[PDB]
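Listed next as structure tokens is one chain, alone, in the form deposited in one PDB entry.
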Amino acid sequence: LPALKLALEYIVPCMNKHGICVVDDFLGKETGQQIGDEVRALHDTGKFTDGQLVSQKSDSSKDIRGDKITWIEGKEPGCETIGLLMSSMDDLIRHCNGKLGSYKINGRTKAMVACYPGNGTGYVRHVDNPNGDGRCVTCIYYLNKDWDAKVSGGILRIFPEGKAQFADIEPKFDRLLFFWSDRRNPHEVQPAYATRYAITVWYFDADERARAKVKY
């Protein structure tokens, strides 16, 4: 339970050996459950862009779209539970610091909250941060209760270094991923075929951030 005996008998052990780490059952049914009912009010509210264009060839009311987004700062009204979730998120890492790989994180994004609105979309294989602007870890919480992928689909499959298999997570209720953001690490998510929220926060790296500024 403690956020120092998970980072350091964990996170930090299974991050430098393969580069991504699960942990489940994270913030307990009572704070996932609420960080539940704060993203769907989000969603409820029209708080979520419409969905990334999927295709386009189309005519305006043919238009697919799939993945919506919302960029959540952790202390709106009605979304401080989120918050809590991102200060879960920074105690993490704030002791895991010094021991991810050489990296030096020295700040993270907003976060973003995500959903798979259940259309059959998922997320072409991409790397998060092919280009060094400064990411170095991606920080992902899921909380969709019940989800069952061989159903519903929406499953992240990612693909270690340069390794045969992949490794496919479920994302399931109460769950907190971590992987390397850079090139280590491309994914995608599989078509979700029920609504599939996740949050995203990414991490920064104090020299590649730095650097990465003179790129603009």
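Positions refer to the first chain, counted from 1. Heads up, when I say rigid core I mean the largest set of C-alphas that superpose within 1.5 Å between the two forms. First, how it differs from the form deposited in another entry.
- Checking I69, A149, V54, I169 for C-alpha shifts of 2 Å or more between the two forms, after the rigid core is superposed, gives a single hit: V54.
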Contents of the next structure:
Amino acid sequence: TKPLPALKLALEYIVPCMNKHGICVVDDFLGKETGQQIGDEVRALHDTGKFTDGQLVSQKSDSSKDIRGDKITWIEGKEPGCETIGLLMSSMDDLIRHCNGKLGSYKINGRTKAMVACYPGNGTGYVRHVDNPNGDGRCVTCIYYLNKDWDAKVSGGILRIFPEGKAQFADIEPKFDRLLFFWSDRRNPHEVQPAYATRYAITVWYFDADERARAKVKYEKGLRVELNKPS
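The form deposited in another entry, contrasted with the form deposited in one PDB entry above:
Chain only, nothing else included.
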């Protein structure tokens, strides 16, 4: 068992998969070691109180109906105690780079910072939605899962995706060391089923140069940073 080089994984799997299904799962992305360390950093961020109620971020008014029940924080990847999260990001960035020019007609010129989230279970999740419905510039959603030994049958927390105009849907378990890619626009409405155990995940959104430039000012979610370069 050996690591598939990014270029091969990108061109032989990710590109075809995305252009055909618009949804792509990559298991055993970084291996147990790196995976658990990312879990420790995230869990540490949580214990040291670095998260903020996700509901407060999305909501419009204080009377707005609950959209999400998670806690989050934005990580750039260089902050103290976030080095491994930074490695994750460089890894994601490396794959995207090899894909670039082969994912639809998109020209990916950057990404958002990493949105580290925690779903404290207790029936908390995220209601059905589209990440980028108004052309805010984000073309690909990338999510990395960190939940060691997860049984959706009793803990739930399944990510169910409904590809627009297709006779099928996708049920993604928030499996440890699993990386997920899917178009961020209306093609992928999705919902996070009720969770009953603490659930951690890290999301990065990649920008398309064209759509971003044509983006409305009206639209961290909007901050674009360059892909990481190999140290």
